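Asker: Each chain is listed here by its residues.
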Amino acid sequence: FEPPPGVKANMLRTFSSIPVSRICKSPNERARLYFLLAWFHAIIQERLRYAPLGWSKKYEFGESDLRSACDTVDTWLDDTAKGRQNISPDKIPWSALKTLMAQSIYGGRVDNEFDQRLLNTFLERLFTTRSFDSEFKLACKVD
Amino acid sequence: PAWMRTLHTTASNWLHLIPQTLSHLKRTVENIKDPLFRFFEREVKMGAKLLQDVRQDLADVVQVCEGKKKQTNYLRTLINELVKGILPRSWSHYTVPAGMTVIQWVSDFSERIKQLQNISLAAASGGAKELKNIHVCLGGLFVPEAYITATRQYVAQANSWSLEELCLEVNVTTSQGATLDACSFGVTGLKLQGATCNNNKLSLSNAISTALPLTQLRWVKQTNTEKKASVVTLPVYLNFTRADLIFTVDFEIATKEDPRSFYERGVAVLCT
Amino acid sequence: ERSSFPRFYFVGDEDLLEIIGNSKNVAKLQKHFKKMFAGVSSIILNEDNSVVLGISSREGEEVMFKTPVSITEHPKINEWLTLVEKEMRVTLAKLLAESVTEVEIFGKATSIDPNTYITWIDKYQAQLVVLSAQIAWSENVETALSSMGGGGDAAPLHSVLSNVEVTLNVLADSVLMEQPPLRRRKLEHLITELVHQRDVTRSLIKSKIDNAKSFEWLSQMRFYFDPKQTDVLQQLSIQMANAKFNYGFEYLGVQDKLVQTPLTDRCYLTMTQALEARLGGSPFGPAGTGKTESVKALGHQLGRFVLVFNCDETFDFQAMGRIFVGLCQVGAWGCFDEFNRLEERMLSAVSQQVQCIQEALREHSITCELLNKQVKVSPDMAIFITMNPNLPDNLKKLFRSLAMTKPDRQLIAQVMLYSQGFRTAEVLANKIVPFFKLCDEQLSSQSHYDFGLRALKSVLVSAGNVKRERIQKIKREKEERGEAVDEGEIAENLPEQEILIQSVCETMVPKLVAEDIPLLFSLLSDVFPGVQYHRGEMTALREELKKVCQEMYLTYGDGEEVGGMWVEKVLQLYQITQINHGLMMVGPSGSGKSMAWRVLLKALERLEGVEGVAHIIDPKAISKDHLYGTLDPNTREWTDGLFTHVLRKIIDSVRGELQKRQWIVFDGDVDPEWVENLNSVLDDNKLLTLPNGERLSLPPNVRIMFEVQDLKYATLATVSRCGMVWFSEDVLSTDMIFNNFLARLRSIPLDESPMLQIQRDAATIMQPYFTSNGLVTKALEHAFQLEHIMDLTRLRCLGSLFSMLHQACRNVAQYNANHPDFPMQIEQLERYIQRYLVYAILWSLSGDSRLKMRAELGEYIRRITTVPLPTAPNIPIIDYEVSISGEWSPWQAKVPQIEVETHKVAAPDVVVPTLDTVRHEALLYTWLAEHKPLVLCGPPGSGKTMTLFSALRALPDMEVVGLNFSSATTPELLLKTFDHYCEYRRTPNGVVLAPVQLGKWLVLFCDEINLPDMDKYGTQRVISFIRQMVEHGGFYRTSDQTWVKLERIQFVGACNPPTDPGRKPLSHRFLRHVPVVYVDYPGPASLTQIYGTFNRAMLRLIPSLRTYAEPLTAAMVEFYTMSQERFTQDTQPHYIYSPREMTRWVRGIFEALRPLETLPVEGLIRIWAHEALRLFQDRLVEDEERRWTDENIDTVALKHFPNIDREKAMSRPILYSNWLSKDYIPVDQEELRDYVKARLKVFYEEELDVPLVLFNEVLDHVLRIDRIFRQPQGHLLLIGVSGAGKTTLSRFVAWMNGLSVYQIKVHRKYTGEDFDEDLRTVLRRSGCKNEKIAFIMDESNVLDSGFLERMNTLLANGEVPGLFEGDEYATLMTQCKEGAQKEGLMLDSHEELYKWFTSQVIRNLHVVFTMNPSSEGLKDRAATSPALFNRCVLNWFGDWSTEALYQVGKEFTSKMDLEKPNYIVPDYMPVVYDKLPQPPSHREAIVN
Ligand SMILES: Nc1ncnc2c1ncn2[C@@H]1O[C@H](COP(=O)(O)OP(=O)(O)OP(=O)(O)O)[C@@H](O)[C@H]1O
Ligand SMILES: Nc1ncnc2c1ncn2[C@@H]1O[C@H](COP(=O)(O)OP(=O)(O)O)[C@@H](O)[C@H]1O
Ligand SMILES: Nc1ncnc2c1ncn2[C@@H]1O[C@H](COP(=O)(O)OP(=O)(O)O)[C@@H](O)[C@H]1O
Ligand SMILES: Nc1ncnc2c1ncn2[C@@H]1O[C@H](COP(=O)(O)OP(=O)(O)O)[C@@H](O)[C@H]1O
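Residue numbers (the authors' numbering), protein chains in the order written: chain A, 4147 to 4289; chain B, 4374 to 4645; chain C, 1622 to 1986, 1997 to 2020, 2027 to 2389, 2410 to 3145.
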């Protein structure tokens, strides 16, 4: 049994794995964050197949790292948004998420400096307040 | 057994392929003072030792193949590795891509020995001064980072500067249209994957690899000025496996380009 | 019991039992506190020893409890232990509050007063002051951010940064001037933390952070202190990111602070996130990147004790289990170092254990199953696993990962330089770090080289010490010249690149080889340009070295003078001693390391007035368990090891050894088994940790050095942890050795003065030949060019030459003594000494080579010397000897012509003198006079054991004890021999081992000294032990760990060439002390003489044949020649030939001849041919080899006995048997067949009924095997394909000759003890019963090599002492007493009856070994156990030949009737049977 390749399939598997109640919590923006996380996770995992180019070595960006990232997002959103139904996208602790998922999660396995640079580039591109606009591009010039 | 006959055939073919001998460099006090001569002498000694070991092992394999020699434990292990197509551990003393088989390793070793022979001939004809103006392929050398350090030491000693205050600048130009300055060292064989370099300017391209004609390494005093927003730092890996990081070059991207796109697409310089 | 107060759960059962038994003895509880506390090494009490006043750390810093715990009020051990711990935590919290308040007073200040700051630092602990600074800075930054919360406002945060800056300034002035070492460490830690705080505050200022909740501030490690908190333990909380930890408040004492570099911060963040998420972290990455340290620093900063295990290949479990359950109950962290090195099964087991513990930890987010017990896992427990490249599959989901790819060396330096007080630290760091990168890359690779982080750290600490010393020197100069004293002025005008260069040189130049010294300088010129250093000579030390060298007869020099290099090396050793506590003198043996450090110690004692004491310990000879200490698995008693014993003795300061200078020299090879424990001592912590947990602090005066010749097997860890001094062989030039020998000869008498005058005259005579570029030096240079049987060491040849010259002086003294009227005059003395010197070079430099290279050396020395030499046209000077009259007389005249007694032919004892015999006798006499151990190396046989034995028995006062070393030899054998033949006696010098017999020099002859197997690190334990007693003149008794001085004990060894299979080359360090004499096979002339004597003595039985003695011997030699030329060892492993075969030939001919009163020449030729076939033909494998042997013996017989008839003397059926005739006269094959067929019928009727067909090979085999049984100690190595009938014929012969067959019933569970018991039963069944046993062995019955070792000892001694011991030995004694009473011999003592038992076994017991013809297996069997090839005779059954198959077929298919008259003879008959009848019948065709 193998996971079907495809960003769509990876995102579907990630969304199915996470319980539906957790993604739908008091802050309505939380789900948005989770989606971004899922996308980012998918992208990272889908760059593993092109090991010489997408990275430097086949890192173990497994489901444990995704669970850790979900837990970090949960804790930081609960701390920042103390039982608030809506929170402004700027008020989201973006810096905490970027730093933790660049150094602690997804970065503990990264030993090459340039792989860390690539991870930082991905995090700064995706995790930002500008994502909460309808004009945000998850990718550019795909085809 | 037919495996014995075909191993004889391939051993004879390789013994024909590999060059015969390598000449050690002549020691001299003035040459000893020169750091480039020291590095190249170390490389020559290592290459000659490995070449002699490989040639003697192949001769022993051939003698066993005639039946004139019995397979000792080392010889038996070498024969087993040869038949299975795996690289013998004794032969591999320099860093080698993991997936490379025996035949490619012999070809690479032959090319490296040819380069070393040319280098030794040039050094014997002249000296360290001529040794400075030799265009050397980083992949061909056994330890290219030692060569980078040797160039840094040579530039520091020539101008009486300290090593830590020197920084590296890369000028990618054609071999014919190149200027050999005091601090400039020529390097060939570098290949850029993910981009094309024209007039020392990087442009994104869909080509798998663009061969850099001649890279000039220049050691200059630390200007203590921040690098421009168009400056991108590119790793230089030894082989396509991207397991060895020799050093980092700094290029100027062309206008309308984004350094983040350069980071994402995995643009890198490869020695081979 | 341990469930309540789990903190003392840390210790094992041993310490629990000790604390229970010695609960009232609180003074004996300090070891437990050392075990479980991190920094606390003792508890401070009053004189009554009844109230716990406080705690004290290993450095000497102590903390006084605010409310002392009274032990009297709480007699229970656990109650008062818990009270003490709670008191220590509360008092630490209160002191933290006090120091935080004090530093807050210091905080928010324009300037600080140095005196008040130093007083505050002295008042509190290093950990406490660092924590107070952290708390104050954190609170200040939080207040600044609270003010900034408005946004777009003025920034007093700058002031906070400025505040740090200003206090940093005073620190930069505090460490410049001299401080106590403890306050120095406090200042260093405070400076490191202040630099980190300044850097992070600068980063905050750059980021313009204006919110207290901004993540950039939240990532930084924050401390929060709440006086208002009721619980003092919860007053301090360490919050970083979202993770929160309560401070441990446990006393760390003083620990090494780790500069918090970017990476370490990332590590802090990752591990804190992992611990908050309730799963451990794994900081994987290369070696020396901070993996372990970073974990320890994180644990200490939280106030916790980390237990860092070592996961070496040799790893303990029960200790690991107890230590791990102790940590689990305690809650202290546990770190694993290099997890991947563990064995796969070991890895799986430990991974399962940590999986269970981690699952328990996550469940707590509570007891778990550990060692079949319930262990309460505290929530604070954490586990870290450092790896080197992955985690086991069962742990990949339970542990976060982190990459320690590369440490921040450029910062680590800068920060440590600012800690030492260096100005311009940034430039110095940016220079030093790339310089060490260059050293690690550009310098040639060596085993002892090390340029890692630990090096940088040390080098920089040494640089700080050097700068402080230079500051003090300039201050003293200013005090003496003028009075203007200003520390800042001295510091400002002080060059600092020069200080760094000097420290780098003092630390690294000693370890550099001769070629790498200039390169380093060039490297410095590349990194520190234009700045040079000059080494400061130690004039007082140079004078003391000169005096000590004069006193010890060593050559001393300065600079380019002779001995200058050695003096510089001694000075470098002194510098390394000054700047390190752990030394390593690496260099080839003979470089003067031992004498270098001895002379340095003596000079230091005579200079500084501090008397030095040196303890020399050999680590490899002793056992590691005895080296460090033994903990009983059951009684749990701790007996300190040799190193532990001497360290505890030094620490105890019983006789002022703390005042003294103690040097523990680990003379011997180093391997990563024992030194792993020493890794905890060689670091900056300087403590010895024992498996019981008791840790001993290393005193400052103690220095640990490893006088080790090579470092090819030592790990990089130990290489990096101690200073290195390289002693190249060029350090000790030959002229120095010559000068030392001449000075010792001129100064000390040889006996212990007339002979002193003789020695002075001899030294004057040989002074011209011992000069530089003299005769001896050129001869030695030429001798190194030759080939030698063993490895050539310069000191070996020089020592042998010096010993032989001492013998020359003794001969001169003896001549003078025996001629009182005319003492030898000066001219004869010069002639004698010159000629003896030439002979001495000849027999010393080439005494271990073949005759051809001996002749080559003779020709070379004849060419180069001027001493008069013999004028023999072709005879080399070696066959010549130097008479006491100073004349060259031939050795042949010294050779007599003795006629052995007729009954004494081929006897074991008799030795026929010859040229080699007399020459080796003289050499042995000389090397035995000086008691110098020597090794007789030569091919098997070759007359080595007997030549030595004859010399030793000729010597009257030197008894001999033989010890057959095997591949499993261990020093316990030597200890057993020592306690068997010698005794320990208490003398004023000390305990001394001496022979029980007075006035006797016990010679421990070792039959196979190179046979013992070497360890995986190229070390032979017995060889190291022998070297130890030979060079140190004694060893170490491990029962009480005391130096035993050997008295009247000397060693002599013999061995086959190391090139032979199963032979390991000896150590060069050992070979230095033992001259090697090469006893080659006797030449054709020597064999001719020796065996002509034997034949002449033999043939005296029959005078009518006497005149044939001369040719027969020649023939016996002649044929033998081509044998050794034809069946060389290359063809087959057992194709060896020696004079032993010729001796067996002579013995067999004599045994055949003794019965017979008269016998013609043809009968003698028949006997000789029979013996030649039975010796030089059965060993053969191929048929053509046997045909060649038969044809060659035929040709030899006609060549040497021409006037004989070939048909009678050399009849093809050569069958000799005593079955039919009473005497051993040849018998016809048919009559022998009939008799053995009748015996086979009786065999069927009585024993097992298996039909045996009697083909002609069976006759020969049943004859040879019977021959072997009839001879005493008849042992056979039957070789043949299985089923050919080796056991079948062995049982048959044993039954016929009355020997009872005994085979061992071997199964899978047949252990070594079962085989030992069977051997004991057989020994009882053979000697105690006088009943001959045929012992049936097959290699299938062999399940282990130990079986072969016991059999080897049995074959080589006729018995094995190992089997029979204690009650078993007493039962044997009773049995042999009864047996001797029955046979008629009355013996009382155990020794005489044991010897009678050995004689009975050697005459009765007969062991046979059956094996299949595996040629490679044959070689391995020969190499592993030499006895099966030494004296055991082996036959080649092989497979049944074509004739044999034909006879088997006919005899078995005789019953069936393949008689077909319709059969017609074909034109072509495919004949395969050699003797097939010309008409094939149908039955014949079927058998064919
Ligand atoms: N300075 C010196 N001048 C003259 N002779 C010396 C000097 N130093 C040592 N020797 C002599 O040279 C030899 C060196 O022996 P030493 O044991 O010191 O060497 P080593 O290298 O330590 O050997 P090992 O490691 O086996 O102990 C001895 O014979 C000693 O007497
Ligand atoms: N951040 C640091 N600050 C100070 N010293 C450090 C730091 N990182 C590493 N070191 C030093 O580098 C060496 C590495 O030793 P260790 O931590 O055992 O490495 P590893 O576990 O990778 O083998 C030690 O001497 C340690 O003190
Ligand atoms: N000079 C000699 N006189 C008498 N026998 C000798 C002489 N030289 C050699 N031999 C014979 O050679 C054999 C030598 O065997 P041995 O010295 O015991 O072997 P190893 O020294 O290997 O134990 C002896 O059996 C002895 O009979
Ligand atoms: N001379 C012989 N004639 C007939 N059979 C024989 C003879 N020698 C051995 N055998 C056969 O060999 C068998 C036993 O072989 P054994 O001696 O145990 O083999 P190994 O040589 O391994 O000891 C017996 O069953 C017997 O029949």
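Just so you know, the hints here were simulated from the structure itself, not pulled from any lab data.
Backbone N, C-alpha and C define an ideal beta-carbon position, used for all residues, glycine too.
Keep in mind that the hints are not guaranteed to be accurate.
[Stated by the list, open to error] With a straight-line Cα cutoff of 20 Å, these simulated PhoX-like cross-link-like pairs (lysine-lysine) come out:
#1 C:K1715 <-> C:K1697
#2 C:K2043 <-> A:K4203
#3 C:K2286 <-> A:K4244
#4 C:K1834 <-> B:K4600
[Said to hold, decoys possible] So, partial list: chain B residues that the calculated Cβ filter (under 8 Å) puts toward chain A:
#5 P4461
#6 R4462
#7 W4464
#8 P4608
[Said to hold, decoys possible] Over the 10 Å line for every Cβ pair with chain A, so calculated as not near, a few chain B residues:
#9 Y4447
#10 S4535
#11 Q4566
Asker: Hint by hint, note whether the structure agrees.
Answerer: Results for each hint:
1. C:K1715 <-> C:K1697: This hinted pair is violated, its Cα atoms lying about 27 Å apart.
2. C:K2043 <-> A:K4203: 18 Å, holds
3. C:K2286 <-> A:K4244: 59 Å, violated
4. C:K1834 <-> B:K4600: 33 Å, violated
5. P4461: 25 Å, violated
6. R4462: 22 Å, violated
7. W4464: At 25 Å from the nearest chain A Cβ, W4464 (chain B) fails the 8 Å test, so the hint is violated.
8. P4608: Given a least distance of 5 Å, the restraint on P4608 (chain B) holds.
9. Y4447: 33 Å, holds
10. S4535: 25 Å, holds
11. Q4566: Answer for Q4566 (chain B): violated, closest chain A Cβ roughly 8 Å.
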